[PDB]
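Have a look at the structure that comes next, please.
With one protein chain withheld, the remaining protein chains of the complex are depicted in position.
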Amino acid sequence: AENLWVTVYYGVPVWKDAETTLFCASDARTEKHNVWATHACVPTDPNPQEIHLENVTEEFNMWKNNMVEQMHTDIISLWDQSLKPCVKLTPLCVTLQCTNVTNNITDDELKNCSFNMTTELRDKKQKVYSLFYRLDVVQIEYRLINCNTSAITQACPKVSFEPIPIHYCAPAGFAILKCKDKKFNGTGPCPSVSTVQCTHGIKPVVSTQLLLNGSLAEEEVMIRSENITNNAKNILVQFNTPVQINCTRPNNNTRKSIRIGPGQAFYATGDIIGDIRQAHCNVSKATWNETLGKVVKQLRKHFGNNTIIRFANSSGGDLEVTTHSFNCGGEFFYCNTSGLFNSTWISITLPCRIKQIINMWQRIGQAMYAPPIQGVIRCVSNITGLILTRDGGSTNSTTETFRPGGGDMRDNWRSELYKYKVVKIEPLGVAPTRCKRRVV
Amino acid sequence: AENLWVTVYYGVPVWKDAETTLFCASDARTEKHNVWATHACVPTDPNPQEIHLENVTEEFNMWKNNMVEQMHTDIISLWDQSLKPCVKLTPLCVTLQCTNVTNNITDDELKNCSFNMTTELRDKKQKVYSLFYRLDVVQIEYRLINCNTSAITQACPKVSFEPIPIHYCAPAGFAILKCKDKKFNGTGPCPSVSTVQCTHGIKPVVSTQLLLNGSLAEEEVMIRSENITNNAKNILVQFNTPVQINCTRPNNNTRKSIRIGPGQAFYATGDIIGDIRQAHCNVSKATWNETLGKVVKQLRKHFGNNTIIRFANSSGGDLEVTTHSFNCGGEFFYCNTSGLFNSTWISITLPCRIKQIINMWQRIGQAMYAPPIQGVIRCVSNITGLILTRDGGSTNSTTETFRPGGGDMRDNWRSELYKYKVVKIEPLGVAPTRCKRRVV
Amino acid sequence: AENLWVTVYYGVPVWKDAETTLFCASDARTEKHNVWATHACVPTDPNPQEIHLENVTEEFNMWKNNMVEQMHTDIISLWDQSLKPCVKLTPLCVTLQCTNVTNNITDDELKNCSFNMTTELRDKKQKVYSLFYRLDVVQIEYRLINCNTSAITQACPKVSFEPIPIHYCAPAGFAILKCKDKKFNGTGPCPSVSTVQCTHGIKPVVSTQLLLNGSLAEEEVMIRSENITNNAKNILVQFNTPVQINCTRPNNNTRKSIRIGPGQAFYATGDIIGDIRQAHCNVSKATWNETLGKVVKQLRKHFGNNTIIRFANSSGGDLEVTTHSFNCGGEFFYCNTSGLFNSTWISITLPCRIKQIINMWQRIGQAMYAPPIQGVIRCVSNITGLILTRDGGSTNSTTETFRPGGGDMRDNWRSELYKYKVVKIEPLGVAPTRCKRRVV
Amino acid sequence: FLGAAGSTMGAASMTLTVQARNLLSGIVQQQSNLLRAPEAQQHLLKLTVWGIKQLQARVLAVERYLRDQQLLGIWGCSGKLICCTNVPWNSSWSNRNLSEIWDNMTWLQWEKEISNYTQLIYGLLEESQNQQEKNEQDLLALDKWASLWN
Amino acid sequence: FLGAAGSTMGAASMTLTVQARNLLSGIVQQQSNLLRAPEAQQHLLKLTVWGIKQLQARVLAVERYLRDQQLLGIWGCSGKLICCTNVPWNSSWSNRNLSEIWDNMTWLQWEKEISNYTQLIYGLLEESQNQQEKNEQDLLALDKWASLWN
Partner (left out) sequence: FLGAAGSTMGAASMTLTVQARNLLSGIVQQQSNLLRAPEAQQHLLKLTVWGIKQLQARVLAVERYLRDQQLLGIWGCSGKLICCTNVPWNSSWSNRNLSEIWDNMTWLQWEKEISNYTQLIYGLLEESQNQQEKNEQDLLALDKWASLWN
């Protein structure tokens, strides 16, 4: 043939994998003082134009994904930005003269503490009623647990904690791929992909050991891991059935407002109406038994169909590695979920404790104080899966043991950003053809 | 005719009404530590190129104007940014052992208070002389009024409070219209408009009930309202005559510097030279009588020429809705301007009080403390109009009653941004002509 | 000839002198918590492409240079940004009951002070061991020197103070010239210039009276001044020989951690191992004698070869204008460098004192507190020159006197940004030629 | 600048006789005030109120000032302030007298005429500009010597 | 948008038949979401988390969206979405069958072919575009009347 000639083509549909910043997008509905809404960052969220491609088998990854770190670092930054302008509680770390409570059943408990406080005109102090839990006070008669670490600034009561769903929208010159293959496990070439400009609604919940409200898979309940071979890797599992958790807190929980110095009110738990019962969550034993059977039957796909045993969350660590922990309406629960794991191989209540002073929910250092909630607390929604660990050890052939591990928060959003990927767009392409310029 | 062909035209002089941010512009003159200058934000302010158009009757609005909110929200943001790095006075909210003053005439007054203070080496406290006013202390012997609300950080003494005029300049792709019709009342099609790049000098003064230094209209003193029909609408009025207000404060007002802890000086009023008189503002009764006659004669244009009565402020409320309040050289006056409103239908002094602790000048919450000014305070400049309210009620035909209402601050700048409007520029236009491309 | 026609040329290599912002650039090596690294601002620092021009004699200036102010204002801004999140020491300004130390030689000294402190549960105070120096406490038995000025927030111990070198890179549309003439004194037309995109490695050290680690000149040790004529101008001098300063601090300096309130640790000097000697720096007298001979022989170039005398820095004044002051491994030295200046016309130790509380190293106002360093401190590197002052006066002909002045910090970086200049690029140029457009 | 916006398009036929009455340079010469002092302020002040409000307004003018240059590029009209098309005055049913248009009608009134179908015109332009014309240019890649115009 | 990226270049010869499958306007119409609400939020909030993260991402798209317009300008191809050169298909040793290329090969696979020497092509383009051609245009500044084509 003749000598061809290179011809540029501007707008070629090619892409490379890249890394860049994204941005939230949500909708309007007043009271946009939500700690993740940041008063409606991009409040548009327009109609979701989605385009299939159908002729490309693009590879994916969930364990090298970059969006989960951008999700994780924005959550902590939206956390402290919300927690900044509220009231410090550095005058609260004092000695506490405490005693027990006596109105109702044992095995709940609480402590009746009082202290010199209210600090109003810099000159007059008062002996103040207060009612604290356990697991936040220590002896020496008492002090708060966090006074050997740093400050204890409280939450503003006007803000909320309902994780309204957000949408990550790509900036210009970038695109969001989305694997539509309903059996894409964790990592590899997805045969059926599609392109969106923004993600779907992603509720930024926070829960150890049991991820709630999710994005439920299809009826093959999927198993997700980096590699099954290494025992030191957490295992994600996704559901297909919205199993319910009817959680509640029994008591009525009267608030008591305290003046501290200048116009800085402080809210402490007043004396409650007087029916001290236990916080608990009812789970139907039948449906829970059926979901584990679907789990173990696809667990036997990965290795030999023999001797599956489940165990209590690993002993030791700080509540947050052992109990299924979460919040319900701005009230932070800690449930001994031992009673879910016996050996499955061929209604349930759960004892829920309550902390009020919380650590930084990932870090050590600064710590927040939850205000009390008036009335009776009850909330309920679905689970979507668990975080499990294979123990391994000397079990060369049999007695396979699983315990519901998981302490990191990134594995929550890894379970929802698995089917997304970001690519840059390179609109400059060249090709040889038979055209040549007419040189004047 | 033949089929025409569409022809683009890039740079067509069309516009749409839009909303965008603007920016200040001023001039240089050291001591640019002015709370609105923000150390000369755009210190250029070049020559004012103004272009008339003469063939367009463009509509306007002053009650849907967007620039007043951008003016209002920048003033509060320039306020708190100035008030941030100064000294907090949270050690000042203590008990005060007070007594009266005895040197001069009654009906002025002041309180001789003392307290344990100076807090210097965290260990030594002192009984400190102080001299406070009334209207900022309450009994229980005394405390400051703001200690049941929030903190009381003081002003830095090096900054000033003279409202130097600024210029709002449009960004690129936008334009500032300006109605030149000298009888444009509030809202409608202005026949003679013109375009500027920046506004004129706008002094950001703050005054209830009597707006000062203004932008004076022509000899028809204009009446401005949203609608005359609704009685619950404030009525702006613009002058044409610079009536003078010779304000002064009599006393000499010695300062007294106090050391508080680390290097945080505090300024309190020392014992004055000893001629305790009243703060007052002299107004010429003749010229004030003539201005009201021009007002009422154009008030009779809007409705029947009968029975105009003016009143003092009604329904009580805080000072700031009842007294004409302002500052004079960083000293905040409150004058019972009852003596200006009798029934006009056919030299004056005014009792001025002084607060020192001021609330947030719009909001509730944080509050500033004015430092004292040494020497004798006297200042004088023009008025440009009032803010009035029609009462209405059962007065179906006669006895029309007006009282000088007005509590909002946006109506100040509504009286000066009425003759301005911002438009985006859409330089892309199409038209059919007789040209067609020569296709190769 | 015929009428020529103007022809634009886009990308003409012309320049004008301009002023704009630059940015740092450095390299990676963890522990990027350096107070000037700002966690590796631009951590690239690529290969230094340098281009000579060889046919242009471009003028320079070092006394009208703009980059030194951008260097100076970035250092203070990187200072306070590092000093912001650390611990305030406003509870430390209390009365101190002090006494001397008795273990070793006199003429070192230190004070054994104790105070009511540790403030842990807002209610319990303790008598605390502490060991302070002199030159930071005053009588009334004692208090810190800075409690009559402002607060005394301490340094975070995890950060460092080693001045790692940075690179100022020009932004787009700008260029950095660089004079290669090895005898360019301070100001004038440099015959051999070259262009770089980024500067070389510039260590941002801070030292009065003796600039260390430098950028050493060629063997003609250069003399730099604005003009020799005015006596009120500092004189820079650049070396060519890396003379060594073996500095050390003898003692072992045990740390003692103190709990203050909430989780705010405080580090005070514990009781040392017990060999109290003097801090000193050994300088070889031979090499120091030879360097001064090269200095005076080129000093005689500027004026008559007669009667050169050098002096101590007069008497009185502060430390920072009199002693050669610096830090060594986060430990701030003050050495009476009297013993370097006798009349030169034809091993040395130096008594080094230590402050711990430092002022703002240029300003008055806020002040930092250095934490102690454990172990034995010893560090050594080169000098590159001095800052001298001509006294003048009535010495019309003879007895020329020099004293090592210099209090400003800008003259440090003036000694390294002298051979650099920034220019904007104007790529639009026109010229007449013989071409004309073919009008259709 | 905007000197004959109130005029009719006949008396704004002089606007296209001049630099679109200096509209395009007016889009960009308004930047010169904020070009002149974004840096010349020498103040510390620890904080910037206009550090975003200027910068948000500054890049707003750039993107708006680039969408048109991108749109004139997509219609082959980049650089040309005035250019005609190959799409005719189509069946757009705002069909009328020419000397009604280029004699007595303002540009604002002209905008009020064709406010509708403006996006319909805008999609219509790139059809004839690329989807027929550029492949017709690829049909000009033959260069025969004996049977060119058969 | 990206509607036939998975196709071969033969079935992406329809992409160049359309607006490069709407890629270039897709580069700039994605800005319209952040064009629509950067200011419409009316909140004080005293502090901005996205005050830089949006603004850094916003000007990142502009500079990337201008390097290509600068690169098409340097190859004389500004405005032209498709243009050929004077540099031929050179000794670049990825020499093969044409109807292997424009029938059965994706653009991504085509990128995998000439991922190397891509910068070598890019330097090669401006050589014939300026270093011979523009001075050849300066050689067209003669305008004789009797001895033009000697």
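We just call them A, B, C, D and E in the order they show up, numbering each chain from 1.
Here, a residue touches a chain if its C-beta (ideal position, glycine included) is under 8 Å from a C-beta of that chain, and two chains touch if they have at least 3 such contacts.
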Chains shown that the absent chain touches, full complex: A, B, C, D, E
Listed residues D:11, D:28 or D:121, member touching the removed chain: D:28
Candidates C:23, C:63, C:288 or C:361 - the one touching the absent chain: C:23
From C:140, C:172, C:232 or C:286, residue that would touch the chain that is not displayed: C:172
Residues belonging to chain D that touch the chain removed from view: 17-19, 24-25, 28, 31, 35, 38-39, 48, 51, 55, 58-59, 62, 65, 78-79, 81-82, 84
Hidden partner chain, residues of chain B it touches: 433-436
In chain E, positions touching the absent partner: 52, 55-56, 59-60, 62-64, 66-67, 70, 73-74, 76, 78-79, 126, 130-131, 134-135, 137-138, 141
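Note that in this section only the chains that are shown with their structure count from here on.
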Which of A-E and C-D has more C-beta contact pairs: A-E
CA centroid of chain A to CA centroid of chain D, Å: 49
Chain E: positions in contact with at least two other chains: 19, 24, 28, 31, 39, 58, 65, 81-82, 84, 140
Sequence positions of chain A contacting 2 or more other chains: 433, 435-436
Interchain contacts, given as pairs of chains that touch: A-B, A-C, A-D, A-E, B-C, B-D, B-E, C-D, C-E, D-E
